[PDB]
Amino acid sequence: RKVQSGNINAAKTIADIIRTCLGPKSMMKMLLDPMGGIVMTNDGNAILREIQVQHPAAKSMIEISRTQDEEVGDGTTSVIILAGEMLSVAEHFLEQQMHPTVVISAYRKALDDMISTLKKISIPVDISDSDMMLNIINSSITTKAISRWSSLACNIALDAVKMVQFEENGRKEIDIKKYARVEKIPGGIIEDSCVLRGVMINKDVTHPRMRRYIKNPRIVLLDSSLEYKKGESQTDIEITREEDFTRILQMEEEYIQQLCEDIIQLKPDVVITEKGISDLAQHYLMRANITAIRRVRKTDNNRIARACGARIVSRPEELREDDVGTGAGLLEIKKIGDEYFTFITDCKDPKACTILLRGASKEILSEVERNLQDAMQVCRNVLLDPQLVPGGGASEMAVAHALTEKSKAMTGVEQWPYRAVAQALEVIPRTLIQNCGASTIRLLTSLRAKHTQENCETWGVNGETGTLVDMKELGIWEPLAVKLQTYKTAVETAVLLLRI
Amino acid sequence: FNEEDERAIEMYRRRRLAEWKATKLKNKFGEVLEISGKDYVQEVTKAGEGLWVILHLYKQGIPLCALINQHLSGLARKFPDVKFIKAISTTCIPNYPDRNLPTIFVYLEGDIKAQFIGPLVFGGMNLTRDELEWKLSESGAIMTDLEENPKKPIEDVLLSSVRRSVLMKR
Ligand SMILES: Nc1ncnc2c1ncn2[C@@H]1O[C@H](COP(=O)(O)OP(=O)(O)O)[C@@H](O)[C@H]1O
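Chains as they are written, first to last, in full-length UniProt numbering: chain B, 20 to 519; chain P, 63 to 232.
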């Protein structure tokens, strides 16, 4: 019994570590290094990643936040605050009457019916027109930032995240981490920034006499190394027998030329490797008209082989036909930088991409990169679920009111925990009112009355004025996946913590 | 024709004959080794010049010299061409304070490098392996990857804002 009452303290104190950082208006906190240094941090993530704790429950409940942030990328502290608020002042009575299993059973159906109620209300939005998506994105990036060419960044973000799309494997699936790379190069006007249909690499050809400007290439992607020695297998075997060395160097030529002929049996205009290239292999290639690029990273091969134009299965050796034939555009080598840059551009339906932007200084480039990264995250989240739900705490109040009506409707035996959750779910509007700077009790009573009589289909609260206004003319909306994920994650973390 | 191919073959013959003076089986190591006696410096120093060693001094009591051993062994498996040693507080330096217990550093032949002292450099209860390869690879023995430790550079809002304001409109 005393285990739960001991573990709840760590959870509530970690929840209270950061609580006033939510919303537009927020405070800032200070950390003090043991030597004497001072850092004044605003991010919730930085604080809940730096301080280390002891009790295992606190460690697990910290790890949940980062694990969730790894995937969705939108909401981190809200689930922590909601879980702490629910845990603190709901279950301690029910423990005083010694019925934990009844509480869990009530929690399950409470989750089910609140999820159903949330699914009941929704408004669909069309996806054909991009202007209203741009407007929604602009409203979403109203978060604290610098408005320097924000519209351009939003437009490029929308274009890239729409172009990556999906390949009809396991229904719609959008990935942004692996098929989008940002590259920044100083010099030139900031207007020239745009999305590039192909892909850029920072390396160049291995010999000056090979052709560079090619039209309609036929690319082959190949792993492993062309050279083959395998010396470590046979070392110092009858050192006095140099005839063995002569014979092995003679027979290796047969293997090298066999590999070269097997490759050359097709028309692979370009050859990309990763490990290295010897002299016989490049000499044989240069006997014909082929170009080679050496030692590219793994991720670059992942982008290129991802239907950037060069549809290739990336087979190590003994390839087949139709696994090399590809439809691409132009291959070029540029001298824009001190190092030569490779361009494989003007392809068809390229599933990969490469986004580049230009600016005089580097720090403004870093800021612009952060801005468009956030925009891309939001736009990816939107396309998966094309329905929206009003925010500002109105949804929470409506759900709580519906739960109270149901509790007074059927009036089950275990209705007390149900009501406890119902009027313990309303912590967010109280925090918003407290941060605004007005009286909590009167505003909460007015909101309850409005939800009772007007049902508050879109009426909510304003975080910059503190007055009850309708959100139809305000324009505040949020997607649907984030709320469901937050509510679920809170439910199972509470159940898991109570199960011990 | 017969000129270029024969010339290429003969540079292979010359290069392969020049490579006949290669190493002398220096890959004996590749696993974790432990010593605990009076074998202080007569073993670590007495080796070939082209080695890459790493020593370690601990106490076995505090639960920070038990986490680092797993990471060190994991690096031992991946990299075969290095030397790894362990000891318990008494091989050298007969008296040693408990203030800076986990002591890890790299000898070179005649001149030590990259002295790591004290628990503050590691952080504490947060050493993921990647930070360990990064710290060890800041001086040689680099395998790949960069900028994998954002947890150290926390952003200071006020100073960074002042710098951005003074730089953007300068
Ligand atoms: N203009 C606004 N008025 C009222 N509430 C807002 C406004 N803008 C954002 N919010 C609310 O503040 C919350 C802050 O979200 P955020 O800062 O991302 O923290 P988290 O990552 O925990 O969601 C959001 O959930 C949103 O519902």
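Mixed in with the good hints, there may be bad ones.
Unchecked claim - With a straight-line cut-off of 35 Å between C-alpha atoms, the simulated DSBU-like cross-links for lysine-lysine are:
#, chain 1, residue 1, chain 2, residue 2
1, P, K197, P, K90
2, B, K317, B, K370
3, B, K381, P, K90
4, B, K44, P, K231
5, P, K213, B, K248
6, P, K121, B, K78
7, B, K381, P, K231
8, P, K231, B, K163
9, P, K121, B, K222
10, B, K502, P, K140
11, P, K121, B, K203
12, P, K90, B, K163
13, B, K78, B, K203
14, B, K128, B, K353
Calculated directly from the structure, the hints in this document are not laboratory data.
Right, here's what the structure says about each hint:
Annotation: proposed proximity of P/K197 to P/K90 holds, straight-line Cα distance about 25 Å (limit 35 Å). Among the hinted pairs, B/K317 with B/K370 is consistent with the structure: their alpha-carbon atoms are about 17 Å apart, no more than 35 Å. As the CA atoms of B/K381 and P/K90 are separated by approximately 48 Å, the hinted pair breaks the 35 Å bound. A hinted pair counts as satisfied when its Cα atoms are at most 35 Å apart, and B/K44 with P/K231 qualifies at roughly 27 Å.
Restraint check: the Cα-Cα separation between P/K213 and B/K248 comes to about 44 Å, which exceeds 35 Å; the hinted pair is violated. This hinted pair checks out: P/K121 and B/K78 have alpha carbons roughly 26 Å apart, not beyond 35 Å. Between the alpha carbons of B/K381 and P/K231 the distance comes to roughly 14 Å, so the proposed pair stays at or under 35 Å and holds. Of the pairs offered as hints, the one joining P/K231 and B/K163 holds, with about 19 Å between alpha carbons and a cut-off of 35 Å not exceeded.
Distance check on the hinted pair: P/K121 and B/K222 sit about 49 Å apart at the alpha-carbon level, beyond 35 Å; violated. Restraint check for B/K502 and P/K140: not satisfied, since their Cα atoms lie roughly 44 Å apart, outside the 35 Å limit. As the CA atoms of P/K121 and B/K203 are separated by approximately 49 Å, the hinted pair breaks the 35 Å bound. Distance check on the hinted pair: P/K90 and B/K163 sit about 58 Å apart at the alpha-carbon level, beyond 35 Å; violated.
Our distance criterion of 35 Å between C-alpha atoms is broken by B/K78 and B/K203, whose separation comes to about 38 Å. With a C-alpha separation of about 63 Å, the suggested pairing of B/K128 with B/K353 is violated against the 35 Å cut-off.
Figure legend: structure checked against the earlier numbered hints; hints not met, in rising order: 3, 5, 9, 10, 11, 12, 13, 14.
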